[PDB]
Structure formats: structure tokens, C-alpha cells
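Only one chain comes next, encoded as C-alpha cells, the form deposited in one PDB entry.
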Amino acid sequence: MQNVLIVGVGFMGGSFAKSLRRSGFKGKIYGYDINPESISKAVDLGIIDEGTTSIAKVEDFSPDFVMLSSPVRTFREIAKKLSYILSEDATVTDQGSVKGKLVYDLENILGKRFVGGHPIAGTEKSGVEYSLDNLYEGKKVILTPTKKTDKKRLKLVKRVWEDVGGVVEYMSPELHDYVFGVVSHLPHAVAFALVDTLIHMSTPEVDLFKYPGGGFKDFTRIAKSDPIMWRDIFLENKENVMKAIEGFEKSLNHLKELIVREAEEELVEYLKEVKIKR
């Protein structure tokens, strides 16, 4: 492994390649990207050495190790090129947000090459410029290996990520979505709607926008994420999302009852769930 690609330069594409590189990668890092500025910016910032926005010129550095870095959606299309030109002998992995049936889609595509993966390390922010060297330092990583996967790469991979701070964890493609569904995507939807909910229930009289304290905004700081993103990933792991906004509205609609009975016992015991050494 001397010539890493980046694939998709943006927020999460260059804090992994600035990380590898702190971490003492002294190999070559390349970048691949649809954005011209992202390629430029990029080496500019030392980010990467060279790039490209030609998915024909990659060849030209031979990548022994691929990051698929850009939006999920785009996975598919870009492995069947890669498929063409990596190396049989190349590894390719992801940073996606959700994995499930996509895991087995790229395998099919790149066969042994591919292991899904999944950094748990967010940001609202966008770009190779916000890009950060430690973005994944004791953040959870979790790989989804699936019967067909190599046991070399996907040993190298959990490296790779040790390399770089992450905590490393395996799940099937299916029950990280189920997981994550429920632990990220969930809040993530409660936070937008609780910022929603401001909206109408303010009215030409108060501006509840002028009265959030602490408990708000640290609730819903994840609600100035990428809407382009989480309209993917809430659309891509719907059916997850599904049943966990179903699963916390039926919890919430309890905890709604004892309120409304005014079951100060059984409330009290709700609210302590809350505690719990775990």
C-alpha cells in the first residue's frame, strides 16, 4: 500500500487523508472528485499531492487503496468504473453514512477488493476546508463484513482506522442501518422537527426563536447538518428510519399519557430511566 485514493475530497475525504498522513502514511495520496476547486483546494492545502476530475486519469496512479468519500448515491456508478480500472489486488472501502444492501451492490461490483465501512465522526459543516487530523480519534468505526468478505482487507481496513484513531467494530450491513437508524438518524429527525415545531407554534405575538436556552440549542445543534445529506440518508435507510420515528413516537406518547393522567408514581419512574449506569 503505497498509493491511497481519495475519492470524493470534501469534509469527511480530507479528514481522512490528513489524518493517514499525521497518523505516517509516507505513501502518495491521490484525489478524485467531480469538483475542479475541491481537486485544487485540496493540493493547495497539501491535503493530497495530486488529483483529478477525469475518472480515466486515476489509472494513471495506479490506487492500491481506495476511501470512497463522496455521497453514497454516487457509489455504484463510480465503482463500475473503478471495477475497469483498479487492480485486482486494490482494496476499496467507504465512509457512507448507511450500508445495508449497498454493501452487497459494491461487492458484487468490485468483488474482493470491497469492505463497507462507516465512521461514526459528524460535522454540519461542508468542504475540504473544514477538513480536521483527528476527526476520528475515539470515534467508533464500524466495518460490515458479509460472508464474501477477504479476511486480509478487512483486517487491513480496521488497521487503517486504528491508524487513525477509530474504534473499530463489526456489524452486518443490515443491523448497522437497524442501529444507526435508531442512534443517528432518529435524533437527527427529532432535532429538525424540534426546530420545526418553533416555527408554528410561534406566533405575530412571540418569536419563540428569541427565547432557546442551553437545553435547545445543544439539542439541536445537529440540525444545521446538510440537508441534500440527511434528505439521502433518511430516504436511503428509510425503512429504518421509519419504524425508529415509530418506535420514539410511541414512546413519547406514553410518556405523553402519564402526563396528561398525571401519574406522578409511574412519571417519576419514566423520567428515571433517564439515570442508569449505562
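Positions refer to the first chain, counted from 1. By rigid core we mean the largest C-alpha set that fits within 1.5 Å across both forms. What changes on going to the form deposited in another entry:
In the overlay on the core between these two forms, a shift of 2 Å or more in CA position is seen for a single residue of 124, 77, 150, 174, which is 124. Residue 243 shows a C-alpha shift below 2 Å between these two forms [criterion: core-superposed Cα displacement of 2 Å].
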Contents of the next structure:
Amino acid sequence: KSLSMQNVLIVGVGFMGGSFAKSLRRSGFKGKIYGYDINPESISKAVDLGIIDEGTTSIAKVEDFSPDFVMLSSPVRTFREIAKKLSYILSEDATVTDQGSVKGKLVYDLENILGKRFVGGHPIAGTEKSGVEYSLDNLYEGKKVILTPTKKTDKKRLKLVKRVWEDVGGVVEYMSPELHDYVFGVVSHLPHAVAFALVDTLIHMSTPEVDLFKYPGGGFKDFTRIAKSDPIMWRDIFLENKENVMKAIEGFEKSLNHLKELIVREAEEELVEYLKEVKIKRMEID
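May I ask for the structure of the form deposited in another entry now, the form deposited in one PDB entry having been displayed?
One chain, no partners, no other molecules: that is all that follows.
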């Protein structure tokens, strides 16, 4: 009947932060939406789009905003040092949460830094776009949002963050931080990794007279979609989820090694079978 999120801080006002801010307003949130960014232009473009009401590039200026709900949306490796400043600035009743692509250890360090204020999350929604000029107001509609509560999580804040994601249309599901990094190490980080390595392959396998990038129409096209992926976002994911990424890369090698042994032996029905399972499983999801 009447609610309690006064002032919302968007930390890192780019594509995800702006999609959050826009989505939230479009769901009928009527309080303040503020921005903190190291880039004055991220805040400038954002204000000019009516995406935020006001922002800054001083973290100290954030206290004048009195945020009670903070969404972290910069690259994941900026989170810890930002949480530290925030822990001196934020009211004990503020809630802090995030859209970072990695969870695991990060969620525990952030609980430790921010005490009971922290709830880890990750919307599985993305279109590989960069910058706030690209942000959408319906990005989260029908998408899984994963929250990663731990024994220490404040239940009410868990509930508050969950409601909020539902208001922008997300479908919420809980996972342990560790399980999240495994699941997404395999389902998301590993595919990006092989996409980057494929692009690298075609660079090294071109000759001066033969440009392999002239011939995308035979299966490579979907892979070029990594053209748009942000190199700093991915460097940060790869390092922060290092262990699980190595594991996922190893399982893949395992799969690729099998397939190629089938090719070497010049199998036939084994190979056909292998391809047949893969088709069947990949069709199940679409």
C-alpha cells in the first residue's frame, strides 16, 4: 500500500546500470535515482537521457544522496574497493546488491565489508552491449535472475531485492555463490572463451593472400557476436572465476578430444551417435 525505497544509487552507469535504472522507473518506482561512476561522461549521458536525476564522480558526494538501496553495476573487480568506501558512507538500514556476472568469494568478501546490508545477485539477461546509450527499459522481462543468499544474509533484504527484480519482470531463483560460479563458468564463461579463441584461430590461420574473415557464412557468423563483448568485463570475469573457468575449459578439451579421436579412428556410427546426442540435447532447450 505504501513503500520504502527512498533513494536508489546506481554505481556504474553504463548499459546494465542504466537498464536497471530505466526498468525500475518504468515499473513505477517514484523516488530518486542517482549515479556514481569514475567517468563524468557516463553520468552526463545518463542525466541527459532522464535515466538518472543526478550524479557524481566523487564517492564522498554519494553521502549527500543518502541512498538506501544501492545497485552495483560497474565491472566486478571494482566492487570490493567501492564497498569499502560505501561501508562508511551508508546508513545501517541501506541495502546493497549487484548485477555482477561472478559471485562466489566476492559475495562473502562483500558481506564481510558491508555487514548485513549485502545481497548478491546476477540477472541472466544481456545483449553484450556497452555504455548507457544502449540501455533498455525491458531488459529483464522474463529473464532468470539468480540471487545467492548465504547463512548470513538478512532475510528481509533478500525479500526486498527479490521483490524489486520481480517488479522489473525477472524470475528469481536462489543459488549458492559457489554453485553459481560453477554453473556460469560452464554455461556462459566457457562459451565466451571458446568464441574468443576461435577469433584468435582465424587470425593466426589466415595467410597474407587468404583472409578467412571474408567467409563467415558457413557457421562462423554466430560466433562473430563476440565482436561486441567488452574486453574489460571479460578480463574481470575470467580472472575472478579463474578456477571454474579452468575447469570448464578442461571439460571442453575433454569433449573436443573425444570428437577428434572419433574423427582420427574414422569411426562412423560412433561419430554419428555423438553428433546425434548433442543435437538432441541442444534441441531440448530452444
